[PDB]
Structures are given as C-alpha cells and as structure tokens.
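Have a look below at one chain only, the form deposited in one PDB entry, in structure tokens format.
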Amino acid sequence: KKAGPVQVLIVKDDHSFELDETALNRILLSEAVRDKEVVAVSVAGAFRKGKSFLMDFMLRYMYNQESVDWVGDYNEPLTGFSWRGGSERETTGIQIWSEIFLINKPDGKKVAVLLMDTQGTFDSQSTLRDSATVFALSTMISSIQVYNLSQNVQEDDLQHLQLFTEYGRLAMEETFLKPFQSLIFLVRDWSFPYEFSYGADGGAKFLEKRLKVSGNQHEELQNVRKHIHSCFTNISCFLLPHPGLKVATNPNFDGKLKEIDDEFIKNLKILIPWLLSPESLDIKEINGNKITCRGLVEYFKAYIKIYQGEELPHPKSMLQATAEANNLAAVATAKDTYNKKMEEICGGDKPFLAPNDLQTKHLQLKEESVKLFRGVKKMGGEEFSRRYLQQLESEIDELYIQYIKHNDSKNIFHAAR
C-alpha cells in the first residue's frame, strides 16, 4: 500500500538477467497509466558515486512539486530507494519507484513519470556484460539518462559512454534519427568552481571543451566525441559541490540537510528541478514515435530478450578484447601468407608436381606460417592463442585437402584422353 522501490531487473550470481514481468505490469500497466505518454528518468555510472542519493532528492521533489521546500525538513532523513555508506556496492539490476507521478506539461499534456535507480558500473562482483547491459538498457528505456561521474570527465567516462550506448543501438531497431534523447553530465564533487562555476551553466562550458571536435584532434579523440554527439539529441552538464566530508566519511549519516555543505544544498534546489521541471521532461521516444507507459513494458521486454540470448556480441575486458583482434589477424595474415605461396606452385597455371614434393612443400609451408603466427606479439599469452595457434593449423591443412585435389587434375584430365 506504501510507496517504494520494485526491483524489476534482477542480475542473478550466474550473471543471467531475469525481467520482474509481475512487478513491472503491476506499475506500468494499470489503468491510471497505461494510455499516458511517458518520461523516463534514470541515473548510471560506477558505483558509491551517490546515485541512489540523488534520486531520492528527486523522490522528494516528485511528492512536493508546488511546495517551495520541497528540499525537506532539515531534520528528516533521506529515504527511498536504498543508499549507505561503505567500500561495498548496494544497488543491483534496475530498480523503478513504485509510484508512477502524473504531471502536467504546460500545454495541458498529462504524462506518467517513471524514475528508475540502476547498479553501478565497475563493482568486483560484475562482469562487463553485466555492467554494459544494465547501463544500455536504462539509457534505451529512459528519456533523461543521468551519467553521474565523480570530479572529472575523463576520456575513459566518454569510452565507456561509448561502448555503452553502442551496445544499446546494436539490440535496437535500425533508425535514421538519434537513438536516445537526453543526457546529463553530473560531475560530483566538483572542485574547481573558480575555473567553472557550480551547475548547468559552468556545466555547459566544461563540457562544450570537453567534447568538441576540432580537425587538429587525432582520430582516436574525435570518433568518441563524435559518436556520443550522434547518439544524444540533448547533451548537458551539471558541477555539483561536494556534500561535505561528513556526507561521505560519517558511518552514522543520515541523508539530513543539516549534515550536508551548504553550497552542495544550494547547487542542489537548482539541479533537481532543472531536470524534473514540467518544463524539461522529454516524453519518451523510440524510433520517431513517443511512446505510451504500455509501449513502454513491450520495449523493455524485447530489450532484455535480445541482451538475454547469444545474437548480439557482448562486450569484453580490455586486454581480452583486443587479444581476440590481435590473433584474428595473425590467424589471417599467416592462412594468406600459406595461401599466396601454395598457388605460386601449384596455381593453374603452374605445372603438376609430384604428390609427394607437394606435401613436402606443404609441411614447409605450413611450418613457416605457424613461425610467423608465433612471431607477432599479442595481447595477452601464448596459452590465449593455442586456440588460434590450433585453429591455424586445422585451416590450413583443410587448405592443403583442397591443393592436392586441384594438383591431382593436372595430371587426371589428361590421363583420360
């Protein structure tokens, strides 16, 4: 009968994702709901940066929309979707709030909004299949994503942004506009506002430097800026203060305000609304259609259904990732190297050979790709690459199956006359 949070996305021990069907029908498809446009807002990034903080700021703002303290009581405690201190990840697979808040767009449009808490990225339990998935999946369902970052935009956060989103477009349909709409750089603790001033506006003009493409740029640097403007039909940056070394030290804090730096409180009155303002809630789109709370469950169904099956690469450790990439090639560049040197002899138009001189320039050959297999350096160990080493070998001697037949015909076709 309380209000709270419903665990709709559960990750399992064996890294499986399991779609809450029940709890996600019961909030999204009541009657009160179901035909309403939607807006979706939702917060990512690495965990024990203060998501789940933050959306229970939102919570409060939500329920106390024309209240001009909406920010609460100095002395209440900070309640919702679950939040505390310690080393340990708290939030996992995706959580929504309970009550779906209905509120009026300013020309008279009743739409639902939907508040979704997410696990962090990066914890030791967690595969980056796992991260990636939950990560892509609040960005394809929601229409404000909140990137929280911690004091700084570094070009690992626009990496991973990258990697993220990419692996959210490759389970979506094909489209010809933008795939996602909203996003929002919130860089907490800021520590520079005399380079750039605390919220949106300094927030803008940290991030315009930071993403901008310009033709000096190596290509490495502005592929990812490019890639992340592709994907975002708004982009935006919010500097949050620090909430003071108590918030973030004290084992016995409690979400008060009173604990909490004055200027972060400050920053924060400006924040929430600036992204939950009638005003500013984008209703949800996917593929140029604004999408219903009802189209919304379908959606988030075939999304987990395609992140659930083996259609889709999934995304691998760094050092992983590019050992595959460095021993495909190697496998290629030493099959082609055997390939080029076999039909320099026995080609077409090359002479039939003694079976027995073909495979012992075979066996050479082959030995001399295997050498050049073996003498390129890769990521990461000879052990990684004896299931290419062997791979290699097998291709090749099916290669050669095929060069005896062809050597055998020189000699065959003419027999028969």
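Positions refer to the first chain, counted from 1. For the two forms, the rigid core is made up of the largest set of C-alpha atoms that agree within 1.5 Å on superposition. Compared with the form deposited in another entry:
- Superposing the rigid core between these two forms leaves a single residue from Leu353, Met62, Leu389, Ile27 with a C-alpha shift of at least 2 Å: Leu353.
- For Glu208, the Cα coordinates differ by under 2 angstroms between these two forms after the core has been superposed.
- Once you line up the core between these two forms, the Cα of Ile10 stays within less than 2 Å of where it was.
- Residue displacement note: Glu88 has its CA displaced by under 2 Å between these two forms (rigid core superposed).
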Given for the second form:
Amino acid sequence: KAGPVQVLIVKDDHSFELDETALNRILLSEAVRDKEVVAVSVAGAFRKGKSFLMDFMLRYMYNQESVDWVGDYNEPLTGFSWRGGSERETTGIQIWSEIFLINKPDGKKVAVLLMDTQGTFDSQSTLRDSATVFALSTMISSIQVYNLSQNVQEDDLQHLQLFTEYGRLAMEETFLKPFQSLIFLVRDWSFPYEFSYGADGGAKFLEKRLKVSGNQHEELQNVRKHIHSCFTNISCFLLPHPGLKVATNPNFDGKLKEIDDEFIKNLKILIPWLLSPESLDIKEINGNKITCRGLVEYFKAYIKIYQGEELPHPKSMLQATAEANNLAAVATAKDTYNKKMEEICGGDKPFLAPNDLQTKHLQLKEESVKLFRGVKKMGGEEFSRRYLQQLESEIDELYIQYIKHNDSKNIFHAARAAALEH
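Form deposited in one PDB entry already given; the form deposited in another entry follows:
Only a single chain is listed, so you will not see partners or other molecules.
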C-alpha cells in the first residue's frame, strides 16, 4: 500500500543524510527508472497547511478519471502526515512511494513525483537547516509551490532569494535559468474585492508585487531581479481562508463538509491547474531533461556538495552584519597601524634601535586598538572580543616582519655595541 517515504533526513546535530535505499526503491524501479520525470514540491513557512494541500494533490492524482475527484464529503484527509498544533510535523523531505504515470498530450508516459517538505523557520532548526531543505526541494522539483500565509511580504522575498541563491551556488554552472516553475500560493487571502481568488487575481497581484523598476531603491530591485532570474515560469494563486473549523477545531480530520465552500471551489481550480498533464513540464537540469534514475544521481550529488564543500552558509542578519562590521573595522585598524609603521621602518627608512622601534610599535598598536573599540558595530563588545584578539594578533605578526627588516639594515648593531662598550 502506497505511503509517505522519508528520503532526506535532518539529524539532531544538523547534519543531512539521504536515504538512498528508500530513494532507490522508489525511483530506480524498473517501471519508472528510465521514464522522464516531473517533480512537484511544496515549501515555505512551517505550520501553514503544506502537507494538507499535498494530500489533496494526492486525491487528484489517484482520481483524475472520476467525475468527483475531490471525494465524498465525509471522508478524512490522509497521505503525508498533517495536523494542527503549533509544533512542526513534517521534517526533512519525504516523497510519495507511488510514482504516477501520466500521458502528456504529446505521446508516451512520464513519471510524477510528489515531494513534501519540512516547513522553514521552526524553532528546532538553524537558518542553514531551513535553507538546505528549501534549496534541495527547489533544485529537485520542476514545479515549486511556494506556500505563504495571507500576503507576500518583503521578508518573504528576501528569504526566497537567500534560499534559491544557496541552491544555485551548489549547481552546475549554466547560462540558463537554474529552475523552472514557481507558484506563489497565498493561503488565507483576505481581499478578493481587490484581487480575485484564483490564478488571475493572483497573477495581477504578483505582477505588481514583483515588478522590477529602475527607479526603486537597489535593495527592492535586486531581490526582484534575482527571483525573476531564477525561474522560467512564475505564477501566483490566491486562496480563501478554509474557515475556522479547519483552522481551530481539534476534531477536524479533513472532511470537505467541514471546509468552507468557497475554499473548496477554489481548491478545485487550484489542483488541476497545478497538475494537469499539459502544465506538467519534465524536470531539466543544465539544459537536459532528466529521468527518474538521473534525478536520484542529482539528489546524491547535491547532498554531497552541502556536506563537503566550502559554501557560504546562511547567517541571521544580526550575525551577518556583526561579522561585516567587525571585519571592516579590523581592516581599517590594521591598515592604520601598517601605514604608520611604514613611515617609521619602511624599507627606505633608517635603522632604528630595537627599543625605539618597540616603543613606536606599542604606541601605534594601542592607537589601532583604541580606534577599533571606537567604531560602532552591531553585536556588542562581547561579539567583538574575538575580532579584537584577531586584530592584536595580526598586528603582532606585522611587527615581527618589521623587526626582521629593521635588523637586516644593521646586523652588527649589537656586536658593535658590545665591542664599543668595552
């Protein structure tokens, strides 16, 4: 009996491991291994109805032939595990064990994989944990449903940019756009009088929200240019609130009779719109169409990169900023010291007695330390102590080099001093 399969595991020590046996058992099966593959993923903030949606997608895939694919109104919703409560349910990445075989209008059979993901920004996870799940799901999928709550805020665009950038960095260089299709799915859209529920209102809303203008602040332009540059297709669907029973009643178990009718009406537009054979494009990577076995090879490779390579890993903005402020201040303080020692013991300057040089070095070092402490930086003095230590250390190193140069100007200084003394 078909069921959800855990394929990417995130360990408690925040390491990532792929379950190759489970992945192979699904995608290396003889019936599907050489078939071209379509992969549909959902991703976004945690506790926002992603798995719930995926389970409705499952009903469609299993019942496309039916006049009533949505089902009997008294049936519970099953598949990927979903529930209320404020703590996350889905972790890592899971896929449905049954690969669906679809006929494209074109010709023969292509395979469809459904991927469910750990929601971002749960309190068990580092930023890197969230970035990795999101990036990988994006890199694997041919269609990414980016699930949001109520609105598309500027912080949402920044996260999307950061996560997709993390993915792209791990990919083969290509002059083509790295990904294919992205859907901004807004749950609980509250203003149908302003933009209609569905894909057209959604398109109109997003066209405005994402428009790149040369006159906007660079920060607003750049997040928008990045998102447009990552995907060949970007669309948006506005969905109504499902009603307060879905949201708040602990006995709710997914029965349509307990879901707002306007939601159901739009759900019935949304799912076939996402999953119709004509809209389902075969996954491509670096200009090549990929098969099921080929998709497994990429999953392994992408995981290995995240495990083994120097990648710039995502940092919280305070952290990122605190690091930048500190590195900049170290550079300046060090440069000031060096320039001033150069005036004193650069190559075109006379030899200095070791004690005079030490005195000059100590003064200048102190001046650079005082300068470094003076610069306002995010993170506090506690965050800066390591950098202060680094600055004093690098200055001492510069001094050592200076001594060697200074000595070379008068090797006999001490020997001659001792002879003259007597």
